[PDB]
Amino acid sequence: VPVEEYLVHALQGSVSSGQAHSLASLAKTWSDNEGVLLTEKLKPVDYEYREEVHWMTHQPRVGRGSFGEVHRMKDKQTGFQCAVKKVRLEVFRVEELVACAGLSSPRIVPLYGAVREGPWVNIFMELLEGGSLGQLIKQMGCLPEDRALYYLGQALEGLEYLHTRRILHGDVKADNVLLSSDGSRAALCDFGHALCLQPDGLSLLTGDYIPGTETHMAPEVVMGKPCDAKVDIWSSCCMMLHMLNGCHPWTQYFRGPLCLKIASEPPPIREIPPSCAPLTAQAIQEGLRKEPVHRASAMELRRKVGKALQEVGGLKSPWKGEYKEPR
């Protein structure tokens, strides 16, 4: 599409306020200061939006996310607080912005814009004051069954929304589910591993791709086989096990590579706690089928998990409350 050219050149070299579609087109050229901000509350100043000039990170800089790359920040002009994820330009994948720009769902963290500055791509988004589901598991040890189901339910609604639009999330895990301040709303974040799937519907380990979290990789990812939206379902069920047990599946002592065991061993259904209700155990098993064609889709599993939650009397347990011992 060469008539983008003229629009994209107008965007280049500048930070502007604009719409999602413009950000996506600019981001395709990211393989000094430029980008698009999608909300009123972040404003460029004279064609620029520069760290520690127009926006500032919180003063004791601590960092969340796997690489401590996510920070709380404040626009200096407006005072509005939000989150920024820093990504190294040389590793930036176009899909991180092309897949999520223009999505609108309460199960997906809102994108506020992205700005390139030197060797950084700064991705701005809503600051969810409840923190991540990963932080919650760490803080509480492990989650009771009803709360685990509730959050898996919401993640699956997010995945239905993405899969319907031919978007594979690619790193579904507790760390990438963010929570409102009261714990009642969960939403998917981090599209660094996302992939746009073909019309047909249904490769991964080729070209510019960056693999997800290893303990959560489906067998077909690890075997180099063709990959589709079912990869996310496997991955969400490894998250469920993490919620219930307080640790990732496949964690336990062994030397040598874990990717071999995921290929060769049976699925980690033995880690399902014996005290789970039967529909909870059944659902996790249907999401953890080794062959993607035998695995539940997002829609199917979402219905089942909603039923499982009703089967245990609905969401009753406290938001935070009491430490539960893992293992």
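For clarity, a rigid core is taken as the largest C-alpha set superposing within 1.5 Å between two forms. Residue numbers count along the first chain shown, from 1. First, how it differs from the form deposited in another entry.
- Aligning the rigid core between the two forms and inspecting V98, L127, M223, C247, the C-alpha positions shift by 2 Å or more at one residue, which is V98.
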The other form holds:
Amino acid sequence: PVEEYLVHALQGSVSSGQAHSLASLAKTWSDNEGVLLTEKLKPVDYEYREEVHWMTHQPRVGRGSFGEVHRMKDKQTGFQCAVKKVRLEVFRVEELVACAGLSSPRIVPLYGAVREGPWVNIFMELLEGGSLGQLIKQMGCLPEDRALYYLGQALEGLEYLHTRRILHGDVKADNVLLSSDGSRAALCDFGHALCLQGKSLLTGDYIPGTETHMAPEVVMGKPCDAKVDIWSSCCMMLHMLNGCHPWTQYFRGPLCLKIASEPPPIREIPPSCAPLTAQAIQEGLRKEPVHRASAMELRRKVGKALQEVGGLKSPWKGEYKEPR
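Return one more block: the form deposited in another entry, after the form deposited in one PDB entry shown previously.
Just the single chain follows, nothing else.
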């Protein structure tokens, strides 16, 4: 009966501990209590409380889709990190399971999680390059070598998650974080993650991902599996190359109905892209998932595509390129 007793020992306290203890505790969330995974963040007398033990950086800047991610500092240690707020009432444990104990360089490092009142505060390493989405806004669009470089890295993270039977569920540039120099990319924002065998995504309370990157099986209410992440990642590739999401420049009225009815958006592949770049995007945008490339398959092909155009040579932030 021991799992029960391990969980009760964690409840009512913030402790220094390991990812597996955190995941056990967070399942009861899905008053001050949590597990912190690094000695950079430390509890003080069984507690870790906002504005008492850790402080958000002033003035409060606000990042993420809901401005729910902030820079913060542990008052005792002085170490800085990022914190994501999730409302307790809609917290999904899968978000932690996707990044807890997952020592992979393409997954944002998790430093811990603490429940305080109506919040779940999720602590993680601070990546200073900004998001891939922000990078696209600033540059207009990315050159092909850089676009192949970051898609590869994203697919390395999806390989990792898929091998663990975890599906990201919202793969897009806004959820890829860059290192301070731009050379390392990491998946974040696992709030739509799902633990797998495949079956329909559209049942009960499920909150789905971003409409423009939705795979047709998601939209039609069909059996979904890891392959939905591949579709989205190729929609992300189109976003990088063109500087706008797929589907938006040909349709405006509800985009989910076009994804069901129309052929995939392979016409949005730029003419100037090299053959294998085009080939790879086509293999990730096959409508039926059985015919669509896995993460492993597509990552190998995106790797070769990049080699075929001379490797990564463009600077991280070059000159502006107007979106088509």
